[PDB]
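With one protein chain removed, the remaining protein chains of the complex are shown where they sit.
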Amino acid sequence: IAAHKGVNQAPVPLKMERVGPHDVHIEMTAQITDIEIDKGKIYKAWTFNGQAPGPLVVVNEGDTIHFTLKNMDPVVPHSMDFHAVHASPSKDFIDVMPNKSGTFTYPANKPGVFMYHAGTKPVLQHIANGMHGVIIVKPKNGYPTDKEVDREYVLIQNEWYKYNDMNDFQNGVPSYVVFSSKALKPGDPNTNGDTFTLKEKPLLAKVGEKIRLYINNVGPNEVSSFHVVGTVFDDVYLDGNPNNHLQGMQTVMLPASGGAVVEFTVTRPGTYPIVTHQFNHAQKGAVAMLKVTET
Amino acid sequence: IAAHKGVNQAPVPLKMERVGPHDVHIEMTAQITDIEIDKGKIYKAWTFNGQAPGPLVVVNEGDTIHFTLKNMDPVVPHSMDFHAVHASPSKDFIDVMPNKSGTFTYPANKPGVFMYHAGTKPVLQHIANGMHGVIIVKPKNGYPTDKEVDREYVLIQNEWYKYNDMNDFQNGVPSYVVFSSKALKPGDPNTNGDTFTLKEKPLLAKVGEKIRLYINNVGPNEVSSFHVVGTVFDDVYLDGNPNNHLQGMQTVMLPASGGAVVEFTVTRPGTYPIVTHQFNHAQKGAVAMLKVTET
Partner (left out) sequence: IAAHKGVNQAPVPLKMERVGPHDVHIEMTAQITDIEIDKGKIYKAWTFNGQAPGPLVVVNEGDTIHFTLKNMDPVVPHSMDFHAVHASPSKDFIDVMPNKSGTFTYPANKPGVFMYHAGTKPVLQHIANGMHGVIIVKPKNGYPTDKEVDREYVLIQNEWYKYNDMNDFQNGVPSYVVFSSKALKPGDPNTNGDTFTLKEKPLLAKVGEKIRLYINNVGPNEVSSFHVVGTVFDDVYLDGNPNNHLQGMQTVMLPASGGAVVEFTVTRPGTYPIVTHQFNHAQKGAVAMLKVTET
């Protein structure tokens, strides 16, 4: 796009603050930012806050979100749809024009691990170019396995295609399929959808821990067969809803936009790959690593 | 096919009548009928009753169906397989030759939302060319959320490929992916798998209602990531069996031939898109709309 040539807007931190016992303000940007998705390969991504997937958002079940989008894009409108919320899409998920802001308010009344993404037509173009992320809604009553979990991380799967190519987006296999991790607590990694960072800087854990991953497959196009090598999921909550409780799964099927909370024990020191078991995607970049040490 | 050149047989209405407290007669045709699947694009479909997907069939759990197929096709045999039924496929799902009729009888002893389709080899050819549809079997004891539902519709997803091209059917991406809606009660829309009708004439509902959709992904080839923008499914029954009960899902994973009953509340006036969240398919036509008014 001519107005995007040479544009690379520095990442802006997410802003969020609680404004009542059940209300939270959230302010994100829409911005065009170079991301290295594979070694030597820069995708000039359409992003929230300069990250793809965008920044993690976490609220409590029953929170109403007062959401502000500041469109830094010089020429393309953007918008936001959170899958967490009940809202009127033709009122509340509408476009914010270049160099403008818009504020929308809506409730998050269901617990889980929800995709969010731009809702601007063509939505496929916006998601593929990098406008996706996850919002976690914490159940008012937690999960029944909460006492057993020792450590937690968030992982997101997404695809990357040929650069802003709608033909490829609709009809082509993905060029890369990738994991990223978004921070829940200080010290957690916070990375972008690329083929390498979570291999070279693996997630960390300690021998014997029960790990929880909040996961979502944001697509745009592919389903995910989520698997952690060398373990079996003790407990899985589809879409992160506590009611949806499965046990002893080797692999979790995730639709496009599909989330889960999975929990597994790592019993031995060493490095545990984390994959989509659709191995063409795994080979095209969708392998993270978890390093488990006596530390 | 030479005998299909210029053939466009007018749609014939489904016939069905109850003949006992647990027996129902059903009579459908197999016919070759031009359907506009996208603006300007006519697919000379292989159809039941001149619709693709075919007409909706609804029976009660425990009903035995006495099924008659009248093959109006001048040259191609057709047949019918209902996924609802227990039957001998090599006896009961057999071909009916051109210009002949055949009657088969079999029980529907499980509740849910079942695909039906032609069972004539190559089955891929018959389904892709348009020989698919849904039969709903109503649970003897309803669903536990029945009292909460205010309005119901049926939606079906299917793909369309290059015209009667077996190479494309087996190896090619779909050209279109589409929703249609089939009527449950007088006044309900009854449409065909196309890219536009449910956008231009959206399904209707009223602010605050709990909506139930009986859905099925008939394929032939793709899985579906079913999602309704601006809401979360309060309750989902996999394959429409009341036992298979999930809560608070943002998106429902549907295999090829996969069904569900999903229920969600629309809280605000406006237009709610309904998608497969595999966005390449959504962009190739698989977006329906639900218009929610203070009416």
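Going in written order, the chains are labelled A and B, and every chain counts its residues from 1.
Basically, a contact is a pair of C-beta atoms (placed from the backbone, for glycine too) under 8 Å apart; a residue touches a chain by one contact, two chains touch by 3 or more.
*Asks:* Which residue among B:73, B:81, B:234 or B:263 touches the omitted chain?
*Replies:* Reading the full complex, the residue touching the unseen chain is B:81.
*Asks:* In the full complex, which of B:16, B:123 or B:207 touches the chain missing from this view?
*Replies:* Only one listed residue reaches the unshown chain, and that is B:123.
*Asks:* Out of B:39, B:91 or B:185, point to the residue that touches the absent chain in the complete complex.
*Replies:* Reading the full complex, the residue touching the unseen chain is B:91.
*Asks:* Using the document's definition of touch, tell me which of B:96, B:238 or B:289 contacts the absent chain.
*Replies:* Result: among the candidates, B:238 touches the missing chain.
*Asks:* Taking the entire complex into account, which one of B:53, B:55 or B:112 touches the absent chain?
*Replies:* For the chain that is not drawn, the touching residue is B:112.
*Asks:* Touching residues of chain A against the unshown chain: what are they?
*Replies:* 173, 223-227, 229-232, 246-254, 265-273, 276-284, 292
*Asks:* Quickly run down the residues of chain B that touch the omitted chain.
*Replies:* 81, 83-93, 110-112, 114-115, 119, 122-124, 127-128, 166, 169-171, 219-223, 238-239, 241, 243-244, 253-259
What we mean here is this: only the chains that are shown with their structure count from here on.
*Asks:* Enter the angle, 0 to 180° in steps of 5, of the rotation superposing CA atoms of chain A on those of chain B.
*Replies:* Here the rotation carrying chain A onto chain B measures out at 120 degrees.
*Asks:* Distance between chain A and chain B based on Cα centroids, please, to the nearest Å.
*Replies:* Centre-to-centre distance between chain A and chain B: 33 Å.
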